[PDB]
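Undergrad: Next come the chains, spelled out residue by residue.
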Amino acid sequence: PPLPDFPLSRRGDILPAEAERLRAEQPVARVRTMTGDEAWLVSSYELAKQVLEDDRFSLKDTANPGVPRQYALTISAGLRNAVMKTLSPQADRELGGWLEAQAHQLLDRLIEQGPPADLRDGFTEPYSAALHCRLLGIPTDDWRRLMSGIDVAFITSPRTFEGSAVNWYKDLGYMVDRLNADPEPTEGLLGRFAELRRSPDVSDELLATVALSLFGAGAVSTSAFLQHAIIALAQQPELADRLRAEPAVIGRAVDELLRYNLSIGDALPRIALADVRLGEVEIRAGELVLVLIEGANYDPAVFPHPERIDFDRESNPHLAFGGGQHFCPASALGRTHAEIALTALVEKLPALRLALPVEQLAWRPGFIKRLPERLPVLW
Amino acid sequence: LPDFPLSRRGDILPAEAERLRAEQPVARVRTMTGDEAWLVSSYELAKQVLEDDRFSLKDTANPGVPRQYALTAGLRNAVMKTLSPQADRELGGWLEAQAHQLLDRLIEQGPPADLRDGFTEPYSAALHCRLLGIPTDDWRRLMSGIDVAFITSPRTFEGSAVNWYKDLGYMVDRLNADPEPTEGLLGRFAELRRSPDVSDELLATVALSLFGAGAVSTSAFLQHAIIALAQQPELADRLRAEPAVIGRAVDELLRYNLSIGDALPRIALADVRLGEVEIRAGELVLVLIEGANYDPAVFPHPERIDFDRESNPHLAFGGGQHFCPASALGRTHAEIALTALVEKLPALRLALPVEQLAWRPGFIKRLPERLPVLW
Ligand code: HEM
Ligand code: HEM
Ligand SMILES: Nc1ncnc2[nH]cnc12
Ligand SMILES: Nc1ncnc2[nH]cnc12
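Protein chains in written order, with my numbering: chain E, 1 to 379; chain G, 1 to 375.
Possibly wrong hints are sitting among the right ones.
[Claimed, not checked] Cβ pair distances, simulated, as ranges: (1) E:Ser76 <-> G:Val245: 52 to 62 angstroms; (2) G:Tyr165 <-> E:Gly173: 39 to 49 angstroms; (3) G:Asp3 <-> E:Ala181: 50 to 60 angstroms; (4) E:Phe327 <-> G:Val245: 51 to 61 angstroms; (5) G:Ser195 <-> E:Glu359: 48 to 58 angstroms; (6) G:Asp173 <-> E:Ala181: 34 to 44 angstroms.
No lab work stands behind these hints: they were computed from the structure.
The beta carbon of each residue, even a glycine, is placed where N, CA and C say it ideally should be.
Isolated chain E, as found in the complex:
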């Protein structure tokens, strides 16, 4: 038979039809990823939340040689604490007001130049960069170069491409350099890392690998989610009116946008460490399982009228940060990051709308996120 292809659609302003048809007809389906390998696409909420919590489905092993891949790869010590005190909003008391300031300078720059403007280049991208620069404790001077490296880092490619490794070691280098500076870094994950290799009980390259992969994962995540948040806010201006009128609903509203957003454009991958029956399908050890977040978060068995943005849902047990052992360790930084972004957004640009019909946004191909290459708006 002909197998379904994965990924589904770079267009992210409606749920792809295919996601719905899969979850309905075959919530576990053998699909053909872009590398040519075959994997199992889990597209319903019950079975998705199962794979994320069942630890016989491993993440680490997706990086092993010769296991099947959805796309080619592009890349222990008590460091955990340094990470987790970096990822608590309660370990940077100043974070919230600073981000509020960041978001307002960016927006005031745009207001002074006047509409239209690209909200990716002029807002989501410098903003997502500034937060992660603070998280690492590096200056926001090279944010364009840094976000540019992300443009290569999270390319999704059928085969391995040179330049992914050159790009890796290029920014690996930049990180190692911020870390070994002559006024040695205090402040930030890097500041926490310097203190760490002075204590008496880990390589600089390993240290930089963490700061990099962290700066990469969160910037690309929060900038993509923020653009999808914004497109929602422009297409459905009633939602902005809701926030201007009722500032307190910002968190629940971000919570729904998280569920509704189509910024994730790969699936969450796992390798089966043992035969498991999942649904009506015997999955064999060593096969690949791809957890399709939008399939789960649009599942009508758990969320009524999933196609409709709704801030007043009784219950919202969505999977936008994943589940299980590998849940996002920055869920709240993400959440905080977006709430402040958007509260500022609706105060400053209350007339916010797209500069042209939605159908004519350019959706980026070949990337880990679905995102519009430019986000032109009016206000």
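Please arrange chain G with the ligands on chain E, whose structure you already have, making use of the hints.
TA: Just chain G with the ligands, lined up with the frame of chain E:
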């Protein structure tokens, strides 16, 4: 009815235009507005429309004529003296300076880099800022308005006018700066209104639509030039071995380039027999440059970049009355860029398979969204 636009993928000639030219060099097509149009796709018939004044360009912007996409005095002296090769004695060395900083910046950081944001875009803005005598300070804002100005839409869209009047406003400001502008088309403009024998609106209009057309035409072309050099390294080796062949190369590259994503529009004023087709007065005629510049009747083995062609009378700069008044600048801008490129990054190559470059939709030009290269 066949459909126009042809393809957003600009790394080969769209197989369709080859079928069109071979079978119907003047075929009726369906534009994205849903209007109907005559697509002229062979060299001889393309040249015919471009030199037959009865095929009008101005009347393409007329109300309620058919459209391929939504619309978005003593001045001749000021313009042509700004676009003339021998009118900025230092322009050449300054461009090479720009080219060299931009490339040196990228060598400092290391590969990979994006030659669009990092090279073609600033370079093209730098040239046109100087052309207008304004600082390059806000080139990103300037270039970002190009991103909206030259969108190709089925219907009109609120945001082409706001974007126009936003950037019109910027040019008026530069013009009316209290340290009045000396130098540049703008410095040529202040002088024009202190003469004894034309409004501030129209004056910024000209300066804007010039910065518009030139920066977008030259940045998109340049990136196609680069893609060519990266994919066919032997061509770089040639420009290093024989630097003087840069002129011929920019000419072949111009013939070969696919940056132009629309066709050139005209409105027939009277009925004309063009080819075997009777075009009625008031119908729309779209000249497809890529069809003509790849016509094998005129260019032997058109698919193959050739720096050593005996003759190369291409139409990359148009033809006829409306031939690009800046061909020479264009050529100079491209020659300097590419000389600097093969000397600075001699290993220049794409970071990833060409088939994966993201080609921009819905724009007057075909361009990669990013142009990642290694060296
Ligand atoms: C709104 C933005 C965000 C979204 C939508 C998001 C969502 C996710 C999801 C779904 C995963 C995949 C884990 C899995 O395979 O189950 C993940 C993991 C991860 N992301 Fe996020 N995240 C966001 C914010 C951030 C931020 C701000 C950072 C960086 C500081 C970050 C760091 C990480 C890390 C380190 C992991 C790996 C977790 C593990 O393997 O244990 N992300 N995030
Ligand atoms: C990369 C180089 C360039 C290319 C490929 C190019 C090519 C063309 C083409 C094909 C046309 C259309 C002619 C027609 O409709 O018949 C044109 C005209 C024009 N372009 Fe370019 N050009 C380039 C650079 C420039 C520059 C640097 C400027 C000026 C700043 C410029 C300004 C214009 C103007 C004003 C026209 C209209 C001519 C008229 O209506 O009389 N372009 N160009
Ligand atoms: N590879 C990935 N896929 C989806 N969401 C992510 N968030 C962080 N990394 C991710
Ligand atoms: N609208 C346009 N179409 C094609 N080539 C151009 N060069 C400058 N403007 C152009």
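Undergrad: Determine for every hint whether it applies to the structure shown.
TA: Do the hints match the structure? See the list:
no. : hint                                      : verdict
1   : E:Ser76 <-> G:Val245: 52 to 62 angstroms  : holds (57 angstroms)
2   : G:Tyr165 <-> E:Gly173: 39 to 49 angstroms : holds (45 angstroms)
3   : G:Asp3 <-> E:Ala181: 50 to 60 angstroms   : holds (57 angstroms)
4   : E:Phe327 <-> G:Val245: 51 to 61 angstroms : holds (60 angstroms)
5   : G:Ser195 <-> E:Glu359: 48 to 58 angstroms : holds (50 angstroms)
6   : G:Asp173 <-> E:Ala181: 34 to 44 angstroms : holds (42 angstroms)
When each numbered hint is compared with the structure, no violation occurs for any of them.
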